[PDB]
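Undergrad: Take a look at the letters that make up each chain.
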Amino acid sequence: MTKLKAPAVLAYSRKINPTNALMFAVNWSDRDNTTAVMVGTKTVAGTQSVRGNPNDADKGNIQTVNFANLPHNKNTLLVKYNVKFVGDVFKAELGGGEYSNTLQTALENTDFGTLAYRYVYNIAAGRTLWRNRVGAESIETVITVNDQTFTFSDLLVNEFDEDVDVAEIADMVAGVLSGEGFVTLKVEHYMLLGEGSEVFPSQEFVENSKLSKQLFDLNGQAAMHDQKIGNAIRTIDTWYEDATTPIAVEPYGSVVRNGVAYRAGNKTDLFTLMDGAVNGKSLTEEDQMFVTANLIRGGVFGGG
Amino acid sequence: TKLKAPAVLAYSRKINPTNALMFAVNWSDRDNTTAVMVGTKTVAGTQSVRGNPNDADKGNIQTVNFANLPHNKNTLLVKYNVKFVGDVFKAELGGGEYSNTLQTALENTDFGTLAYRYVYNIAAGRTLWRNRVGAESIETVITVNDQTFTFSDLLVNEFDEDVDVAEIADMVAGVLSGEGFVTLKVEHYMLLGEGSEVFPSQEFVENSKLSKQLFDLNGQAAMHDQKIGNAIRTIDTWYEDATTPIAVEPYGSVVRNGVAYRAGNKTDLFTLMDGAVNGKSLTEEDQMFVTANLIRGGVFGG
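Those protein sequences? They're chains D and F, same order as listed.
Each residue of the first sequence is one higher than the one before, counting from 1 in the numbering used here.
Each residue of the second sequence is one higher than the one before, counting from 1 in the numbering used here.
Keep in mind that a hint or two might mislead.
Said to hold, decoys possible - Once the Cα atoms are required to be at most 27 Å apart in a straight line, the calculated BS3-like pairs of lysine-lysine come out as: (1) D/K15 with F/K212; (2) F/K185 with D/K267; (3) F/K266 with D/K15; (4) D/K228 with F/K212.
Source of the hints: derived by calculation from the structure; they are not laboratory data.
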């Protein structure tokens with residue numbers, strides 16, 4: 001007909017830029033004396049309890065793994081990172097002009113307020129802490145932005161409840177996202193897990209060596225990949241078909257650890273909606289939020 | 001009839017940057033430099049290609065190189081030197097007549113503008129590429145001939161007039177329009193924030209255990225001298241329908257966007273060179289473009 005197609009190398013750079021997270025040990029009422037949690041190595045002998053075959057059930061299983069605990073005289077895990085939000089979300093890093101420009105035009109009425117609120121809420125509710133949230137006496141999140149400090153505790157993680165301080169931070173974040181500039185939130189999390197509690201750093205892929213589990217380290221200190229924090233932050237999509245709990249923003253709504261994709265094969269993926277928005281079709285408020293959330297995520301959205 | 005160009009006519013590059021090293025400092029304690037080291041990390045992602053949604057339920061593991069400022073330093077320090085070398089009309093390999101009449105045809109080239117735009121690309125920090133995004137402030141320090149110059153607040157995409165840029169460009173044009181050489185020694189300080197991702201040059205390795213590999217020198221994150229150089233010679237605003245400056249390439253090629261703003265419309269270096277040697281006249285900006293291609297270096301022969 002006369003359709004406008006996206007260039008082969010249309011690519012957007014990411015706009016939520018978290019750092020790596022470092023993991024320290026403190027006591028809940030002495031947060032100035034911090035000590036780094038160090039990754040160790042231990043032996044693990046196990047059992048061949050795999051569903052398929054009971055003929056191996058009497059055989060052993062010797063492995064060596066990385067592990068990471070709080071020391072036996074500190075009761076609190078402290079997780080530190082920064083999240084820099086950057087503007088100009090609609091200026092493609094690689095794609096040309098025409099397609100991306102009319103896409104920006106089709107997206108200009110996007111509810112940046114809700115996007116920024118859900119981002120900052122995930123940061124404040126401590127979703128970025130993943131399994132470290134489990135079994136915590138209390139959880140205290142501290143976000144410092146523009147020499148201003150905010151503290152959170154009583155936040156439900158899987159609902160975007162309205163909170164006035166989350167809203168005040170989301171105001172600056174949405175100001176940046178819907179326009180130009182950048183703003184850095186400096187984040188600390190305090191979890192009262194108990195002395196000697198196991199902590200959960202990012203895990204590495206070791207295809208070579210004697211380790212079967214390998215934990216992420218920086219100079220030997222337990223740490224979480226910046227991309228894992230980022231994935232937790234963008235868990236804002238409640239708009240896929242038959243949506244229940246929020247999923248991370250992905251062009252196909254993929255959650256690979258569950259082997260499913262909530263936006264694949266039903267014309268609700270990023271590329272279908274994108275080509276619709278460029279070629280005259282109208283987008284919902286939630287569809288515009290989703291397409292803009294993908295433009296914030298970054299990636300190559302070109303013909304492949 | 002026509003002065004054909006010798007088959008092996010070639011010029012050597014005249015703007016010689018070094019490789020850039022990447023350190024981490026604090027913005028207000030620049031005498032405590034520590035080096036940024038390239039690391040390796042696992043990265044797990046989704047199969048999110050435009051084509052196939054049938055793989056949208058499948059994941060993928062990779063290992064990649066990565067480079068961060070420490071969590072106790074907030075400023076990236078990029079260091080390099082650039083040596084400008086004169087005799088930009090003496091050919092390296094080509095014979096005599098074509099090169100000599102070309103040297104005569106271009107003795108009225110605006111060397112002031114060339115030197116200014118080179119020095120400006122160095123001072124505005126274009127050479128930093130993606131390390132410019134998200135800076136609270138950028139401070140460039142250029143030392144030359146026992147004279148130190150500091151720059152903050154320079155628009156990268158405009159050649160605004162600046163007195164220090166012009167004063168350095170004066171020596172640079174004195175070398176480029178005559179003989180000799182001169183070394184500018186350049187530092188860039190960027191207030192990015194503690195723990196910020198920094199962007200060294202990327203490598204290509206056919207099949208390796210690494211999916212994405214960063215340029216290192218003894219393990220320290222670094223930038224290729226040719227990338228700094230490509231930023232330095234982004235001065236071409238004279239192709240047809242010119243928006244922003246592009247890097248000086250004989251066909252005005254920008255392979256990252258799959259177009260060549262001087263290919264196939266009698267604006268390429270070879271057409272202009274043939275014209276200049278074979279009697280035809282060039283614009284002032286065309287003389288600038290041809291001399292910039294001679295300063296870039298390369299083979300201009302069959």
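Undergrad: Next, verify each hint and record whether it holds.
TA: Hints versus structure:
Of the supplied pair hints, the one linking D/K15 and F/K212 holds, its CA atoms being roughly 20 Å apart against a limit of 27 Å. Proximity of F/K185 to D/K267 is assessed by CA-CA distance (about 56 Å); at most 27 Å being required, the pair is judged violated. A threshold of 27 Å between alpha carbons decides the hint, and for F/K266 with D/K15 the separation of about 41 Å lies outside it, so the pair is violated. Restraint check for D/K228 and F/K212: the C-alpha separation of about 18 Å stays at or below 27 Å, so the hint holds.
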